[PDB]
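For reference, the chain that follows is the form deposited without its partner chain, supplied as structure tokens.
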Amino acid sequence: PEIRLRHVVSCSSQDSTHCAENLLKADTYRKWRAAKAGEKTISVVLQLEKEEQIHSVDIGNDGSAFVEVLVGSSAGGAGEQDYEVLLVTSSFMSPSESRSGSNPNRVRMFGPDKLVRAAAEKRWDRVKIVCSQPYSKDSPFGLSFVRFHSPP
């Protein structure tokens, strides 16, 4: 079942139109992008409506070369050293593509086997997504969408 996202807890950088809020539902066809070109990495923390176990993760790219997903809890606050990695840094774009802007919109699905199972074993209510683009400072980058699913 698709996990429901309540609100955006924090965002390192976002556009006035392509803002973090756009990721709360994949339904929208709305994107999240950096306020500016040339930020090597950008970040958002999303709050789930309830604490849940994550089974699968779909990522719709939008100009990023790498994407990482970490999981955390709103309970007892949430520190830097507080987020567990759920999906290790995954590639969506090559240096060449990143430089030329080719295939920025690649969508990739990550099932239970491609997630780290220590983190994937537990329940969470916070979700941190980190996007990187070290190969090109020419354009704003981010995600098109993100879908989390609980176990069936």
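Residue numbers count along the first chain shown, from 1. Definition used throughout: the rigid core is the maximal C-alpha set that superposes within 1.5 Å between two forms. Residues that one form lacks are left out of the comparison. Compared with the form deposited with its partner chain bound:
At a threshold of 2 Å in C-alpha displacement, with the core superposed and only residues shared by both forms counted, 25-28 is the one segment of at least 3 consecutive residues that shifts between the two forms.
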Contents of the next structure:
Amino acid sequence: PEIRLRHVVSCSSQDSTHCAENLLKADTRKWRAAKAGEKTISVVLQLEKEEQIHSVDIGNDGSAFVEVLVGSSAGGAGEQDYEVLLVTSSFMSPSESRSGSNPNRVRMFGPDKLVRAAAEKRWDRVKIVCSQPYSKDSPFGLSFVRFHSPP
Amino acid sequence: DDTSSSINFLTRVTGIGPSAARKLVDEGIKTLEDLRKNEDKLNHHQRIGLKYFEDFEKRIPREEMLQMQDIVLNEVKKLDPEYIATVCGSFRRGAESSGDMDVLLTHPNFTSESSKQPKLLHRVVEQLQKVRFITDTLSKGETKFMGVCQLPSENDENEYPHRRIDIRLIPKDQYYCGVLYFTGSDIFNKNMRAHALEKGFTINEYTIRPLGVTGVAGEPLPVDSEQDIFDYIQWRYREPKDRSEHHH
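Having seen the form deposited without its partner chain, please provide the structure of the form deposited with its partner chain bound.
Full complex below, order starting with the chain above.
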């Protein structure tokens, strides 16, 4: 089951037209770094309700690595208040990144591919960190993202 | 003389760690002369390591290394061409002499997600036995072979010294991380790993993984060559020859 994303809690960097809110709208309509040349960008999405994450889809847009953390509204929300659900994953090699090739890779991350510790628990916030240090030209961010709860 | 002095000596025999070395002392076995009278008190590994004690303390000229490399790489190619064997250590860094031949082996069909396949290594091992390259075994492991080999000396020819050979079987997807680590130079591997952490990555014998925003090591990244590893950390590729104890 697709989890429903409520709104955007935060965003370290976002383009005027390719803003962080597009991670809500279905299609691709992207999230992108205000300035390419940046090395990582981040967002916090609030969920419609506390639920358990079973599976994650990631739709890439020029990013070299993607990491997904989780948290809750309760207990505040700072830096290391968040737990790593999906550990930094590869979407784009240095060579491809240096040459803007295959920015659009898409990936599924089933239960096994999540840090089981954190996935047993349930949350209502998700931190998403996108990295791209192999270029200071190409735009980078995400096409889309889909979180899932067990059937 | 000093007990530690006796111990420090025994350790120099292959297969005699400090534990086994103290047990030989108590039983009165302090010297080589003593060890050679007490083979029953040693396991095979040690029994043979002592057999070639003299030959294993000598250095190996690069000319011999090369001859050795050829024997190995040939049989391995003829056996199955998809094999990949890379002699590593100081030899790979272009040292004029080695202390021993460190071979690393791999095969596309053997990944870290696949099934353990000792026979990939044993097939290579038993062939080297046929062609009379590997004279003796020290330890026939599932992933690492430890043993003895000798260059051929057709007759009337004064025989070559016996040499230590290691053969590590490694998953293909971890191969060039192994080569990096086992070619390295202690200091180079230390310096490269440190810069890894600078650029937010973690290199080890097996893999290079990105470090998340909270510092949790991510998934092993795809590596099909040493270059790939350098690229990940955006560090200029150093040829093995320049992996000295001089850094730039």
